[PDB]
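Participant: For reference, the chains in residue letters:
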Amino acid sequence: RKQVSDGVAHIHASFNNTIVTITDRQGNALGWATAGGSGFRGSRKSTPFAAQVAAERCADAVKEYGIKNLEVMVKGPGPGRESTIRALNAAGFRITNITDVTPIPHXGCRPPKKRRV
Amino acid sequence: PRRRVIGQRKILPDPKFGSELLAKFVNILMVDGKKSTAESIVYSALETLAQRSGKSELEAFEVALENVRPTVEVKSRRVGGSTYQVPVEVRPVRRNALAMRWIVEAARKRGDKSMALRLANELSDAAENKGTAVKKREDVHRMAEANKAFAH
Amino acid sequence: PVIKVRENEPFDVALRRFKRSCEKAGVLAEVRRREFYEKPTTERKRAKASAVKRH
RNA sequence: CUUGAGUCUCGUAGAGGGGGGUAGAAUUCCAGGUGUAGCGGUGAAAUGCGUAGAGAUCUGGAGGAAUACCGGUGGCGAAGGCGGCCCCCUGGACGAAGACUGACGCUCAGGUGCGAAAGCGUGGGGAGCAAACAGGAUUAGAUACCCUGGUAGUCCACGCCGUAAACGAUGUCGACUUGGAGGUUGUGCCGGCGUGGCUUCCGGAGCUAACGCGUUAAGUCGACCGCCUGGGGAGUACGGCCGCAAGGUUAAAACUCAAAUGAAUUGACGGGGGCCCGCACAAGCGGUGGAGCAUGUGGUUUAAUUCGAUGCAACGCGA
RNA sequence: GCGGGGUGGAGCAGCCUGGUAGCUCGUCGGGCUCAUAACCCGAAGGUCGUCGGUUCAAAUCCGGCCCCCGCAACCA
RNA sequence: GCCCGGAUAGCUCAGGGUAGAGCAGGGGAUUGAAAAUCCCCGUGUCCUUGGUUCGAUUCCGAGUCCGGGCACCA
RNA sequence: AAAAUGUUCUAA
RNA sequence: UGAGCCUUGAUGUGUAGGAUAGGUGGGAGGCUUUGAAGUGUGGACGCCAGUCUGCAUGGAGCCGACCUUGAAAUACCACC
Ligand SMILES: [Mg+2]
Ligand SMILES: [Mg+2]
Ligand SMILES: [Mg+2]
Ligand SMILES: [Mg+2]
Ligand SMILES: [Mg+2]
Ligand SMILES: [Mg+2]
Ligand SMILES: [Mg+2]
Ligand SMILES: [Mg+2]
Ligand SMILES: [Mg+2]
Ligand SMILES: [Mg+2]
Ligand SMILES: [Mg+2]
Ligand SMILES: [Mg+2]
Ligand SMILES: [Mg+2]
Ligand SMILES: [Mg+2]
Ligand SMILES: [Mg+2]
Ligand SMILES: [Mg+2]
Ligand SMILES: [Mg+2]
Ligand SMILES: [Mg+2]
Ligand SMILES: [Mg+2]
Ligand SMILES: [Mg+2]
Ligand SMILES: [Mg+2]
Ligand SMILES: [Mg+2]
Ligand SMILES: [Mg+2]
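Chains as they are written, first to last, in the numbering used here: chain A, 23 to 139; chain E, 18 to 169; chain B, 12 to 66.
Just so you know, the hints here were simulated from the structure itself, not pulled from any lab data. Positions of the beta carbon are idealized from the N, C-alpha and C atoms, including for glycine. Hints may contain errors.
[Claimed, not checked] Incomplete in silico selection of chain A near chain E, CB under 8 angstroms:
(1) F62
(2) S65
(3) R66
(4) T69
(5) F71
(6) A72
[As the list claims (entries may be wrong)] Below, computed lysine-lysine pairings styled on BS3-like, alpha-carbon distance capped at 30 angstroms:
(7) A:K135 / B:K59
(8) B:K15 / A:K97
(9) B:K35 / B:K64
(10) A:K97 / E:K165
(11) E:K51 / E:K41
(12) B:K59 / A:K136
(13) E:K130 / E:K72
All chains should be modelled from the sequences, with the hints used to inform the complete structure.
Facilitator: Structure (structure tokens):
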């Protein structure tokens with residue numbers, strides 16, 4: 023509906039999947055797309071390409087809204103951690119402030135036991 | 018091989034057209050080491066194609082060939098027990114050889130009377146993107162584009 | 012790793028600066044080290060092994 | 001008597017200990033806003049969450065636990081151990097000058113105290129993690145590894161337990177015996193010259209079965225203590241003491257074997273690491289396995305179906 | 001006295017609803033392997049406890065007998 | 001008996017102007033087998049009939065069967 | 001990713 | 001914030017075609033400088049084929065029936 027032109031991209035990129043959501047500067051989500059929904063499942067859900075595809079099909083999800091000043095707020099140690107920004111730029115968004123908001127505990131809670139593979 | 022000292026082998030051109038590509042075609046269609054029979058079959062099929070196409074006797078062959086060449090192949094690579102088939106580009110000589118082999122094996126998998134008729138039909142059908150060799154090209158392209166994520 | 016793109020700064024070098032900043036801040040190293048719990052004896056042994064190898 | 005031991009004076013560093021308070025990040029939950037079809041997980045999946053609106057993003061709130069960076073083969077402590085910041089109480093160590101007591105020392109069976117984690121009792125607390133447990137996979141099976149959850153427990157107060165590869169596998173105290181490179185703490189004189197404490201690596205003599213140790217000795221000695229006497233049986237049984245219990249501690253014998261063992265050497269092997277090669281893969285072409293026949297073999301049969309070869313490297317082999 | 005059952009070598013379906021005998025393991029033959037197990041590809045294997053009857057046709061439906069599981073056996 | 005629903009493929013379900021969306025099955029591909037995923041293929045009077053307009057499942061009429069609610073249930 | 005085993009004595 | 005009602009403004013591109021045309025219609029001329037074919041800007045919908053546009057500049061045109069549709073052009077105009 024209402025154009026915004028000053029949104030923000032949240033890229034939750036983990037080791038298994040990439041979730042990219044274009045929201046407003048108030049945090050209100052406008053659109054979202056995942057590597058698992060772009061058309062990938064399994065070893066392909068976690069490929070830097072899948073995150074690129076998810077970002078490029080999330081960009082065209084938010085077309086009725088504003089486009090001018092998307093900014094990236096990537097989070098998580100995902101394989102699709104920079105290809106998402108590539109796709110966002112290729113879609114036609116100028117990135118003003120690109121930042122990392124990965125949650126780092128300052129100690130925090132005990133992590134799960136290590137996998138014995 | 019490990020040494021990788023292989024070079025290139027010169028193939029004498031086709032006597033009737035002076036083309037190394039058509040010589041390679043005659044040579045691929047060979048069975049049990051018979052240059053003369055394969056050459057006769059290729060010549061007859063090309064004459065039929067030229068008569069029914071009106072382009073040329075070598076340009077029409079290249080037109081049919083262009084519509085069946087693959088622009089990308091896929092090479093297997095196991096990672097964790099499962100396969101990770103990675104797409105790779107195909108060198109021009111390899112894509113020529115692949116298209117030519119596909120055309121020959123598609124012509125062999127037909128039901129016409131003689132091999133010359135089978136091959137002429139196959140090239141005519143490939144020039145229109147309707148033969149089974151073109152179907153194999155399309156399947157290879159689609160399956161190499163499906164797992165494009167692995168093309169690092 | 013908060014960086015604002017400079018006035019008329021090209022995009023590619025901007026996220027090159029972003030990658031350099033996050034590498035300097037060690038975000039990915041911290042996340043990798045916090046994925047699983049390392050027993051204190053294991054952490055001490057790893058530190059000792061790193062010290063011995065470096066020396 | 002002062003040189004061992006200790007006291008006093010000033011100063012220094014330190015995750016040394018006990019108590020109280022507080023801060024930020026993060027994980028969980030609760031509510032509310034936006035938003036839509038997947039999240040999550042794996043080697044791949046599925047269980048599990050999700051159209052009752054999840055995941056994602058933003059706002060407010062609750063609670064528990066641990067303190068990223070600093071951070072360092074750094075520091076402190078007898079050992080176990082100790083890591084945000086602040087305050088209160090408190091132990092020890094070290095240094096520079098002196099003054100003081102004047103052998104007041106060292107070790108120590110029994111004794112006493114401290115003593116990781118797990119565990120136990122009572123009362124709280126419970127975010128995350130996670131024995132037991134359930135489910136999904138994997139597998140021939142999988143009472144496991146992997147995944148999804150998850151209770152004791154992990155946290156606090158008090159009281160038990162008193163064991164660990166509680167290890168430097170090296171008891172404590174004192175003296176003596178070439179060096180090198182550091183780290184961390186004081187200190188004098190004048191950026192250098194000296195001087196103490198603790199600590200890391202290398203290495204000389206010497207020692208050791210060797211590996212190695214080597215002024216922080218496993219070198220040369222002295223004092224005292226603990227401990228060993230082949231491998232199993234067995235740190236077990238019985239008895240004693242201790243414990244709420246789990247169990248701890250002290251601790252045999254019959255029987256049985258001719259070994260068990262430590263270090264190092266040469267090979268071999270590794271689902272250890274490298275650097276290479278081979279129709280070994282990859283790229284291709286043609287076959288075998290199907291049919292009929294030939295031939296050899298096994299088996300069966302026969303009076304005999306001669307004997308031998310019989311993984312690769314026997315089977316159109318001796319022939 | 002009442003109910004259920006008997007089907008390849010083993011354990012279970014097919015019986016209600018007469019014409020259509022299946023699943024897993026096991027066995028045999030060939031593969032992989034230095035061999036065995038696992039695994040892979042093929043095959044054989046039960047005329048249905050027995051007898052009688054109906055029906056064109058019975059494992060099936062109905063009766064007798066045999067064997068085996070249960071259930072019941074109470075008031076004195 | 002009335003009211004509310006329908007009848008679409010080997011199977012589950014949409015949609016006056018097109019017969020389709022997916023799942024099974026076969027095949028190609030990788031691959032030791034099983035995989036996920038990739039690609040190709042079909043599976044119809046859209047229950048029968050009558051009116052409709054330039055045709056009809058699509059608007060309606062008469063029925064058959066397949067599910068709920070209610071009523072008589074002596 | 002899964003990948004179990006190798007009768008007794010003798011070692012020429 | 002639905003539900004229902006009354007009115008306005010357009011919506012409903014089988015198949016032809018100039019035409020994002022369902023039926024019906026008094027009936028085939030109004031509109032126009034009471035600033036008009038050509039417009040820049042802005043908005044609505046769109047299976048994006050084609051319609052509406054607030055105003056500017058611009059200047060005064062636009063033109064129905066006639067031909068391929070099963071139907072006829074919103075030139076004036078009425079009921080779903
Ligand atoms: Mg995990
Ligand atoms: Mg110390
Ligand atoms: Mg004692
Ligand atoms: Mg404890
Ligand atoms: Mg309790
Ligand atoms: Mg289980
Ligand atoms: Mg678990
Ligand atoms: Mg407790
Ligand atoms: Mg002990
Ligand atoms: Mg000891
Ligand atoms: Mg040394
Ligand atoms: Mg010694
Ligand atoms: Mg003994
Ligand atoms: Mg005991
Ligand atoms: Mg006892
Ligand atoms: Mg040894
Ligand atoms: Mg090969
Ligand atoms: Mg044969
Ligand atoms: Mg013989
Ligand atoms: Mg002999
Ligand atoms: Mg067999
Ligand atoms: Mg073995
Ligand atoms: Mg053995």
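Participant: State for each hint whether it applies.
Facilitator: Verification of the hints:
no., hint, in the structure
1, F62, "holds, 7 angstroms"
2, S65, "holds, 7 angstroms"
3, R66, "holds, 5 angstroms"
4, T69, "holds, 4 angstroms"
5, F71, "holds, 4 angstroms"
6, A72, "holds, 6 angstroms"
7, A:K135 / B:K59, "holds, 22 angstroms"
8, B:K15 / A:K97, "holds, 17 angstroms"
9, B:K35 / B:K64, "holds, 23 angstroms"
10, A:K97 / E:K165, "holds, 25 angstroms"
11, E:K51 / E:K41, "holds, 14 angstroms"
12, B:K59 / A:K136, "holds, 20 angstroms"
13, E:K130 / E:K72, "holds, 25 angstroms"
Violation of the numbered hints given earlier is absent; every hint is satisfied by the structure.
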